[PDB]
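Below, each chain spelled out in residue letters.
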Amino acid sequence: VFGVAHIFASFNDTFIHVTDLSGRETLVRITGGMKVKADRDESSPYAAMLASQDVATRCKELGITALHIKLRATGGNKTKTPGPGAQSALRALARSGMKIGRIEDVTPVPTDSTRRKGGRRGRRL
Amino acid sequence: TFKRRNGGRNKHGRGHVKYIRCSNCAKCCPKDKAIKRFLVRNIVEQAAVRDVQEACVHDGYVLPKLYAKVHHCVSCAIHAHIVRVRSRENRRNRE
Amino acid sequence: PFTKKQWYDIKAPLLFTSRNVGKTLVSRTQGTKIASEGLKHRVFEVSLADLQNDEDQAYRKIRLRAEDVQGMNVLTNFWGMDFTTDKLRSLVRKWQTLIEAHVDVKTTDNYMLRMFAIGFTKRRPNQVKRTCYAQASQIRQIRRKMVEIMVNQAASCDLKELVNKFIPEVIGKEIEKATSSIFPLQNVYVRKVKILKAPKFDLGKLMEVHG
Amino acid sequence: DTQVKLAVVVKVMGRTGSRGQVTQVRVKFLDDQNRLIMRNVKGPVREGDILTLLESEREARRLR
Amino acid sequence: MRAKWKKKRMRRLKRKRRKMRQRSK
RNA sequence: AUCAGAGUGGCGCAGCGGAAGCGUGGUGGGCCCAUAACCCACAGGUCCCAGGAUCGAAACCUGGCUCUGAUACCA
RNA sequence: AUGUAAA
RNA sequence: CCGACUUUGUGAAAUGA
RNA sequence: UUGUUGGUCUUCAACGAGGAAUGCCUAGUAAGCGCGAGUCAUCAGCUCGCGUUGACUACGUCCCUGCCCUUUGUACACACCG
RNA sequence: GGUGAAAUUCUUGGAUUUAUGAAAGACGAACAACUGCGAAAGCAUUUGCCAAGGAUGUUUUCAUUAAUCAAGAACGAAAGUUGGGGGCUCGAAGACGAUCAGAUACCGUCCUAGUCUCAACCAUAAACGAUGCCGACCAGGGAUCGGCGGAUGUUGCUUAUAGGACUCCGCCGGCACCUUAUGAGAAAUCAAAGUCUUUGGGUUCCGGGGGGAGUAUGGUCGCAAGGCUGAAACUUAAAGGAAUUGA
Ligand SMILES: [Mg+2]
Ligand SMILES: [Mg+2]
Ligand SMILES: [Mg+2]
Ligand SMILES: [Mg+2]
Ligand SMILES: [Mg+2]
Ligand SMILES: [Mg+2]
Ligand SMILES: [Mg+2]
Ligand SMILES: [Mg+2]
Ligand SMILES: [Mg+2]
Ligand SMILES: [Mg+2]
Ligand SMILES: [Mg+2]
Ligand SMILES: [Mg+2]
Ligand SMILES: [Mg+2]
Ligand SMILES: [Mg+2]
Ligand SMILES: [Mg+2]
Ligand SMILES: [Mg+2]
Ligand SMILES: [Mg+2]
Ligand SMILES: [Mg+2]
Ligand SMILES: [Mg+2]
Ligand SMILES: [Mg+2]
Ligand SMILES: [Mg+2]
Ligand SMILES: [Mg+2]
Ligand SMILES: [Mg+2]
Ligand SMILES: [Mg+2]
Ligand SMILES: [Mg+2]
Ligand SMILES: [Mg+2]
Ligand SMILES: [Zn+2]
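Chains as they are written, first to last, in the deposited numbering: chain na, 27 to 151; chain db, 2 to 96; chain bb, 23 to 233; chain ua, 23 to 86; chain IB, 1 to 25.
Among these hints, one or two may not hold up.
Unchecked claim - Rough simulated footprint, nothing fancy, chain na against chain bb, three-plus residues with beta-carbon under 8 Å:
(1) 106 to 114
(2) 146 to 159
To be verified - So these bits of chain db aren't anywhere near chain bb, every CB distance computed over 12 Å:
(3) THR2
(4) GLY9
(5) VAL50
(6) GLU90
To be verified - Mimicking DSS-like on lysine-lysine, the simulated pairs with C-alpha atoms at most 25 Å apart in a straight line are:
(7) na/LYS106 to db/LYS32
(8) bb/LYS83 to db/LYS70
(9) ua/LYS33 to ua/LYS50
(10) db/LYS32 to na/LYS143
(11) na/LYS125 to bb/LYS83
(12) bb/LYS214 to bb/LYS128
(13) bb/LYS45 to bb/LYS128
Hints were generated in silico from the structure; no laboratory data involved. Just so you know, even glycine gets a beta-carbon here, dropped at the ideal spot from N, CA and C.
Turn these sequences into a full structure, and let the hints steer you where they fit.
Written out as structure tokens, the structure reads:
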């Protein structure tokens with residue numbers, strides 16, 4: 027039986043969010059920041075891997091046997107690259123024993139954006 | 002001193018070219034001056050391709066590739082080492 | 023919390039070869055929260071490969087909508103058409119040109135829908151030219167042909183048979199053979215179908231197309 | 023609950039770390055002689071040495 | 001941007017010189 | 001003119017009887033080619049003055065001295 | 001952050 | 001401004017006793 | 001003599017492994033132990049040599065401090081302590 | 001959420017995340033280039049309408065009607081101004097959280113004018129190719145864009161060819177690029193910055209060591225901000241350009 031892992035892997039955190047095949051029922055939503063103490067390590071690959079195993083147990087406790095991936099970066103008018111937890115989290119629910127269906131990048135892409143934060147000269151730090 | 006003949010951008014016959022936002026810092030730079038790389042990457046590095054094809058239920062699933070066109074300003078391109086300071090003689094190689 | 027939830031079978035209509043896209047769950051009926059009529063419009067998005075046992079159509083994300091529920095089976099109807107991010111972004115490259123067209127369409131049953139087509143100009147073999155561009159006057163002519171074909175290759179009875187055109191690309195391959203004398207045009211498809219509005223429920227309609 | 027798993031250094035890659043204090047190696051799991059993953063060892067280590075590993079999911083990246 | 005800011009220092013100074021002359025008028 | 005307020009480390013300030021500190025400043029090492037900044041320590045007090053009571057006072061009442069705000073109208 | 005007037 | 005009763009009848013469901 | 005030094009008895013201090021900092025060191029090496037020579041009438045807690053016991057660690061990196069070569073920028077040339 | 005790390009901030013009145021639909025306003029990704037069009041400024045979603053334009057083609061027509069230009073005139077990014085409209089996003093000012101010796105900054109949060117549009121002003125930009133316009137001569141090459149001419153051979157075409165897509169050759173006109181002096185230059189560089197002491201094709205604007213200073217004053221234009229015109233007293237031995245070796 028298939029669920030959908032709406033994985034949100036940005037910088038500064040990660041969301042492993044499993045829903046039904048309609049998106050209208052949440053099933054389990056563990057995030058990277060529930061598994062560590064420091065704000066800096068919320069986006070770490072380890073916290074990403076810890077979250078996914080927690081997801082898999084709660085999924086194997088509920089009968090869904092395989093799942094579909096939807097990787098997601100911040101998108102919009104910010105980065106399109108998925109964050110540092112993307113592959114590490116995905117490698118976990120595969121190595122955790124639950125199966126994957128089809129994998130798609132659903133990062134929000136404008137046909138052209140509203141003005142981006144930071145000003146004309148950009149983040150100069 | 003005029004460092005370059007093109008002035009640092011490709012703009013001939015034009016008067017104005019619309020700017021773009023740097024991916025890293027969001028500094029505005031004209032589209033013909035930016036460093037533009039089309040990146041074709043895999044969802045997972047080859048470290049974790051077999052143990053994700055072991056989990057695919059449907060046989061023959063090729064893992065899709067993330068496609069992006071990333072823009073940089075000169076300072077972000079230099080600082081990340083996407084382009085380097087070249088010698089005076091090598092500055093003229095466009096390959 | 024999950025002990026009060028009852029699952030359902032989601033079934034595609036009969037013009038899709040395989041059925042049973044998967045399972046959904048709904049909380050059991052209470053006061054003012056009835057499972058049966060309370061939700062009823064779930065929208066489902068499933069691959070066309072999973073749906074016709076043909077990986078040769080691994081793109082074309084089919085969007086599906088629940089019109090009615092009958093005794094522990096969620097009866098679903100065709101709701102839309104779209105490409106994967108990777109497939110559309112696989113097609114589009116530099117040194118080429120891209121043509122887009124769209125038109126609003128009525129079927130004989132009153133589904134209002136958009137269709138979007140996309141095409142890409144083809145390098146002929148023996149080309150030594152480094153780029154493959156049509157001219158703007160040519161670009162307009164192809165777009166006008168794209169739109170007209172959409173109009174007349176549509177204006178056919180219903181999404182029952184209209185989807186039967188979308189599946190084997192009855193539209194896209196016919197775009198090329200329609201206008202091969204203006205410019206080659208490889209990778210023609212119908213990239214998207216968005217249903218603007220549908221008529222009233224009309225329960226007789228559903229089971230005739232659905233299993 | 024992690025189970026201490028043994029691996030063998032098939033080969034040595036480089037000396038990473040700011041001070042170079044970390045030899046990066048490729049390890050061979052003994053339960054399944056198929057899993058070749060990168061790990062980061064401290065101390066002198068050659069091929070044929072056997073590393074005790076508490077976790078395994080922690081995988082070193084290239085030039086980590 | 002020294003020359004640009006020097007132009008601003010003249011711009012402010014000259015504005016104040018005009019305000020004085022209106023008062024004396 | 002009366003009356004309220006306030007006098008405590010070099011300075012600005014806290015301190016409810018067992019009873020003295022906060023910031024900054026001082027002094028001696030460290031870091032530096034050398035100063036700052038930073039690091040480690042060290043030393044500070046007629047608690048305005050004279051009383052008086054008080055287990056026991058810088059604090060509580062009384063007198064003396066100096067700074068500050070106030071209210072002083074009808075003619 | 002900074003760098004003899006003492007040549 | 002706010003509540004009850006009155007005007008004030010009819011019948012249907014969900015949690016309540 | 002403001003005790004050259006070596007004896008004998010007596011006197012029995014600080015010091016409980018040393019804060020911020022910081023030095024030298026990769027095999028007969030570090031560290032421990034003593035001996036000889038210089039100065040020298042007398043005085044060696046010093047320096048230059050000698051032998052005796054004898055390891056821990058590493059077999060690397062450019063992170064801090066510096067060095068060499070190349071490329072690059074400079075409004076510096078008593079030369080960035082510019 | 002945000003970050004070097006955090007904090008301001010949001011959050012069991014359910015934040016973030018997920019899904020269906022709606023509204024609003026901006027923006028027009030990828031394609032997109034050492035490519036196009038425009039006097040410049042500038043101009044990228046579709047389609048229709050209105051007027052304009054360059055180039056090419058021409059055994060059409062006029063017949064010197066031209067080049068450049070004081071005075072005078074049209075347009076002129078962004079910001080800014082006066083009124084309406086709109087007010088998503090971003091965001092001068094302001095307010096906070098960090099950092100710091102301090103931080104009125106960089107970083108982070110919230111946000112006003114503004115951003116967008118209609119009417120009218122303003123007239124400035126490193127408004128740059130830091131290179132006025134017209135004409136001739138002068139060196140070699142492959143690309144490319146628009147038109148035209150010349151070649152058989154090929155198509156997912158085409159009632160058949162003909163045309164359209166592609167290959168080769170030539171001409172004209174564009175945006176450029178590469179290699180080289182027999183050239184020039186202080187050189188960097190430049191096939192136009194060449195045809196200069198062997199100095200003369202035409203014409204407009206403009207410079208005369210560095211500052212004071214695009215300042216004062218008078219005039220004039222503008223609602224204002226300001227624009228245009230624009231000194232002097234005085235001061236000073238250099239300021240500056242290209243390239244070399246070192247640090
Ligand atoms: Mg320079
Ligand atoms: Mg042009
Ligand atoms: Mg310009
Ligand atoms: Mg500056
Ligand atoms: Mg000191
Ligand atoms: Mg000091
Ligand atoms: Mg000073
Ligand atoms: Mg000074
Ligand atoms: Mg001796
Ligand atoms: Mg070595
Ligand atoms: Mg520079
Ligand atoms: Mg000098
Ligand atoms: Mg300095
Ligand atoms: Mg929610
Ligand atoms: Mg074009
Ligand atoms: Mg577009
Ligand atoms: Mg502020
Ligand atoms: Mg000007
Ligand atoms: Mg100029
Ligand atoms: Mg000429
Ligand atoms: Mg041509
Ligand atoms: Mg040409
Ligand atoms: Mg002169
Ligand atoms: Mg002069
Ligand atoms: Mg200059
Ligand atoms: Mg110079
Ligand atoms: Zn940048």
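### Query
For which of the previously enumerated hints does the structure constitute a violation, in increasing order of number?
2, 13
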